[PDB]
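S.K.: Residues per chain, in single letters:
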Amino acid sequence: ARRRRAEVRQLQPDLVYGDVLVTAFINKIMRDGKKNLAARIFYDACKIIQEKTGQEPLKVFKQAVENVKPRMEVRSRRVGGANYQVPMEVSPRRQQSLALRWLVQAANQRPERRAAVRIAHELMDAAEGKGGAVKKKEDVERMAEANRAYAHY
Amino acid sequence: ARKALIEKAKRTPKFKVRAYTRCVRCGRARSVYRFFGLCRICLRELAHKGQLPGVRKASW
Amino acid sequence: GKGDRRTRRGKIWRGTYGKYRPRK
Amino acid sequence: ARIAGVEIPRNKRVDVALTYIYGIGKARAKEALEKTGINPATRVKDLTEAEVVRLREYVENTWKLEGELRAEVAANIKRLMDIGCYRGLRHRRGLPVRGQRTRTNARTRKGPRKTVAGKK
Amino acid sequence: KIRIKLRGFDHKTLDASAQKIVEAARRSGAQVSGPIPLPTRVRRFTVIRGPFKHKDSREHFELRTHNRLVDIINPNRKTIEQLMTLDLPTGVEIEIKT
Amino acid sequence: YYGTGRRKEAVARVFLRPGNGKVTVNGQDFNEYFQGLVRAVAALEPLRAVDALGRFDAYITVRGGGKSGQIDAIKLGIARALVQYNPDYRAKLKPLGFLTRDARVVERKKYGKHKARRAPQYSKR
Amino acid sequence: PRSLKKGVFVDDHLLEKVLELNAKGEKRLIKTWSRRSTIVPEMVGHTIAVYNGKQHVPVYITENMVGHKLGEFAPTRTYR
RNA sequence: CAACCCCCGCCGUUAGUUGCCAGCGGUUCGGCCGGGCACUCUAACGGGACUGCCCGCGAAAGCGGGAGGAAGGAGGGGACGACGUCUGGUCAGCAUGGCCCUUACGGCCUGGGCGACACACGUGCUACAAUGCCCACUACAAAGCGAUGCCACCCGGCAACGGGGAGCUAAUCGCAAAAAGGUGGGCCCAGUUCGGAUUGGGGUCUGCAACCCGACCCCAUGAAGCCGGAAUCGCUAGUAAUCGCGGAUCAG
RNA sequence: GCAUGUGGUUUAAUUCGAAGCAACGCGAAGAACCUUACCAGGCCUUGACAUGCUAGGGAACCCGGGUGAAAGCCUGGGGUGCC
Ligand SMILES: [Zn+2]
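Chains as they are written, first to last, in full-length UniProt numbering: chain B, 2 to 154; chain H, 2 to 61; chain V, 2 to 25; chain X, 2 to 121; chain D, 3 to 100; chain Z, 4 to 128; chain F, 2 to 81.
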């Protein structure tokens with residue numbers, strides 16, 4: 002984008018719950034546009050949360066996201082003929098995106114067989130503040146104030 | 002196109018497989034369209050002057 | 002499975018027909 | 002669960018199992034169960050000793066297998082080989098036989114890559 | 003039940019030609035189903051612009067064979083009069099089967 | 004009440020008859036013509052828009068395109084017929100934008116390319 | 002696994018040329034370009050010279066080599 | 001440059017052997033028949049956006065936001081490449097100055113070769129699998145091509161194919177099955193029911209002829225390969241990714 | 001791993017061009033003979049194609065046989081119009 006900030010695509014809320022956050026997540030599981038498949042994944046992963054936890058998956062989902070949003074990050078920069086990691090306050094937009102993504106990238110790395118399953122567990126261990134979803138979160142920050150020796154750029 | 006092969010590729014062969022095309026105009030052999038019987042270059046060539054009827058320039 | 006010229010897709014790919022993909 | 006030739010395919014389905022045998026492919030197996038009535042779905046370990054034998058007796062006295070197949074081919078090769086047959090030569094040279102190209106992708110018949118020097 | 007097929011290359015040439023059959027058919031005949039389009043079949047030609055070698059060139063040529071139909075039911079010897087030898091289009095081919 | 008719903012090369016014959024509340028498409032139960040289809044429910048949205056679910060029947064036909072498009076196709080049609088019943092309905096419809104139709108059409112494959120955009124890859128430029 | 006349906010091929014050039022060498026017993030040298038041809042059980046024992054791209058390769062035929070063609074004995078590509 | 005021209009999206013007129021109980025009568029309940037052009041459609045012409053309206057910024061041009069509208073500010077996509085640049089490419093398409101051969105640097109043919117392989121790079125295809133593979137039942141597409149050509153259907157065969165034979169001159173017959181998808185069931189994380197290389201073997205067809213050097217089918221064989229060094233490509237929306245279909249050339 | 005283009009090496013020949021971006025599934029939208037320009041061997045010359053000239057013989061034409069890998073070479077027949 003050179004000329005403008007470019008508008009942000011607006012999505013259609015979920016047919017089930019109705020939260021766009023949902024639709025956003027699903028989009029992220031979907032590969033090859035088999036959105037009918039990824040739809041299921043999410044739902045059946047929800048149903049797993051019902052049977053395995055006394056809580057509404059809708060809530061569980063948000064709180065899980067809420068917890069992996071890193072509020073601090075690195076962004077390399079060439080000053081002095083060198084790569085200086087400048088830590089920086091991440092914007093709202095970029096959090097939500099980084100969350101959902103990591104939730105997924107992490108999920109598919111689980112030892113578990115069935116996909117929906119992998120999501121299910123990742124969605125829980127997330128809200129409990131663990132797993133890897135949150136680890137891929139704490140690690141970035143473990144760089145944020147790790148090189149905070151440079152927050153003057 | 003060598004005359005030695007235009008006029009040649011025209012006389013009936015001892016085997017039907019042996020019979021290939023050539024462009025009636027240029028004598029080219031590599032890629033003539035049956036429909037017109039002209040070398041791809043040739044097709045364009047006339048296609049342009051307007052010598053191939055109904056033959057317009059596609060647009061969609 | 003697309004190179005497996007003895008499977009479903011195997012044939013569908015090559016567009017050939019055989020003991021694996023028939024004519025109904 | 003044992004021996005067909007000298008082999009022991011086990012703990013899995015029959016149909017699957019039999020594949021393991023040099024002479025049997027996803028075809029014969031099915032056409033060796035259809036000729037015996039043993040239900041494929043059942044594992045090897047849960048076969049009736051009697052069921053087993055039938056399979057045995059059949060398969061062994063019909064198709065050419067391990068201890069004999071590897072043989073027929075082997076010599077079969079030496080056949081045209083002993084003869085000045087082109088096809089034989091390709092076999093000597095360890096190159097493609099069926100007619101492929103010897104400029105690029107051939108590696109499957111040459112094995113590892115043998116890099117040499119050149120120019121620019 | 004005179005079936006009149008009209009195949010051509012120019013859509014105006016046929017329109018007129020087709021209209022010309024519509025007009026002198028209602029004056030001496032009876033109830034005409036009007037002119038109807040098909041379909042229309044195209045003949046694409048993907049040729050390389052330059053004669054030398056530039057795959058990425060390619061000029062695109064088409065050839066539209068328009069199809070028009072005009073049905074005439076209750077064919078009189080009077081209708082066949084006006085529609086006997088009263089034509090004018092050149093790049094139009096007609097064929098009748100009744 | 005007919006309206007006409009067309010979407011990405013696929014036509015939808017829409018018929019709204021005051022009934023109990025059932026959709027028959029190309030002769031089959033709505034929910035049978037769309038098994039396993041997640042966004043299926045999507046068709047009826049224009050209805051639950053005016054709290055008019057179950058008051059009409061839906062004799063719907065459809066031709067062309069894909070099932071995962073025809074959905075939208077019906078969706079529009081229903082909407083277009085819904086004006087015939089009460090034009091005053093626009094007030095609650097267009098804000099939600101159901102009377103719009105998008106040229107989401109499949110772009111033409113240009114030559115020199117592998118698709119409508121996807122160019123070919125060069126390595127040592 | 003190659004195949005010529007129903008009716009095995011052999012050019013009449015040598016067929017009715019080699020058979021005539023049967024009416025006399027044996028010969029010594031045969032030369033004909035048709036390497037298009039299959040070898041027949043009716044052809045065994047002769048010493049046919051086949052054409053390469055420039056040479057004329059002599060080929061002795063065996064009781065054991067009836068199912069192959071002539072070309073299969075005339076290597077074209079000179080190598081190594 | 002823009003515009004005029006085509007395709008796409010709304011709508012109107014003209015047109016009904018495509019389309020339909022949209023409304024009625026019968027059924028072998030197949031829109032099959034009548035009957036009807038309404039709808040879908042088909043195609044030829046024409047309407048429709050111009051920042052024209054409202055708020056704000058602005059000297060103006062214009063910019064931002066809203067509304068009505070199918071569509072918004074060039075609505076999406078085409079064709080469409082200035083004066084010239086690179087002594088760009090191409091005399092093997094054609095044409096043409098010039099030099100060179102004209103019993104040969106010409107012409108016919110048979111066979112071989114363009115397919116050669118210790119290697120190396122370009123473009124790609126198939127895959128490493130469970131968001132998956134297989135088998136089964138089942139549903140939605142467009143745009144093309146078809147006379148000795150597309151081949152319905154029946155029969156023989158595991159099958160490629162073959163024998164028979166109806167329809168089409170093609171919106172009214174055929175290529176045709178779209179595939180992914182959906183329902184069931186099998187697989188249970190293996191180098192495996194992942195993968196299909198290569199090799200043996202047995203066949204089909206084209207065609208004078210498939211050794212060199214053809215595709216196809218069937219049985220067996222079942223390799224590398226468990227996601228790729230440094231480096232490096234494409235793509236800003238119905239795009240990328242994915243999935244199947246069609247044609248050109250052409251016996252194959 | 002395989003297809004395909006190219007370098008290079010090879011070959012009797014492996015015909016030719018294209019070369020950084022702006023060559024490399026590029027001419028080639030179809031190499032088994034053919035295509036085909038290459039190499040071998042066999043054969044042909046006013047020549048496979050145009051317009052024409054001077055001398056001699058024959059309507060054109062058609063159907064055989066010999067030799068042959070084919071082409072070609074040799075040979076033999078019937079055959080005789082319009083001015
Ligand atoms: Zn030409």
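The set of hints was computed from the structure by calculation and includes no laboratory data. Hints are supplied without guarantee of correctness; some may be wrong.
[To be verified] Below, computed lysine-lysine pairings styled on BS3-like, alpha-carbon distance capped at 30 Å:
{"hint": "1", "chain 1": "Z", "residue 1": "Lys11", "chain 2": "H", "residue 2": "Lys50"}
{"hint": "2", "chain 1": "B", "residue 1": "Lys63", "chain 2": "V", "residue 2": "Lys20"}
{"hint": "3", "chain 1": "Z", "residue 1": "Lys113", "chain 2": "B", "residue 2": "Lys35"}
{"hint": "4", "chain 1": "V", "residue 1": "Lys3", "chain 2": "X", "residue 2": "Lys13"}
{"hint": "5", "chain 1": "H", "residue 1": "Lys50", "chain 2": "Z", "residue 2": "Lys25"}
[Unchecked claim] DEER-style ranges, computed between Cβ atoms:
{"hint": "6", "chain 1": "X", "residue 1": "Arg94", "chain 2": "F", "residue 2": "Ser4", "range": "24 to 34 Å"}
{"hint": "7", "chain 1": "D", "residue 1": "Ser59", "chain 2": "Z", "residue 2": "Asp60", "range": "42 to 52 Å"}
{"hint": "8", "chain 1": "D", "residue 1": "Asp89", "chain 2": "H", "residue 2": "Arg57", "range": "22 to 32 Å"}
{"hint": "9", "chain 1": "V", "residue 1": "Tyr21", "chain 2": "Z", "residue 2": "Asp105", "range": "17 to 27 Å"}
{"hint": "10", "chain 1": "D", "residue 1": "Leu40", "chain 2": "Z", "residue 2": "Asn29", "range": "23 to 33 Å"}
{"hint": "11", "chain 1": "B", "residue 1": "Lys35", "chain 2": "V", "residue 2": "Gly16", "range": "45 to 55 Å"}
The C-beta atom is built at its ideal place from N, Cα and C for all residues, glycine as well.
S.K.: Find the hints from earlier in the document that the structure breaks and name them by number, from lowest to highest.
M.R.: Numbers 1, 2, 5, 7, 9, 11, in rising order.
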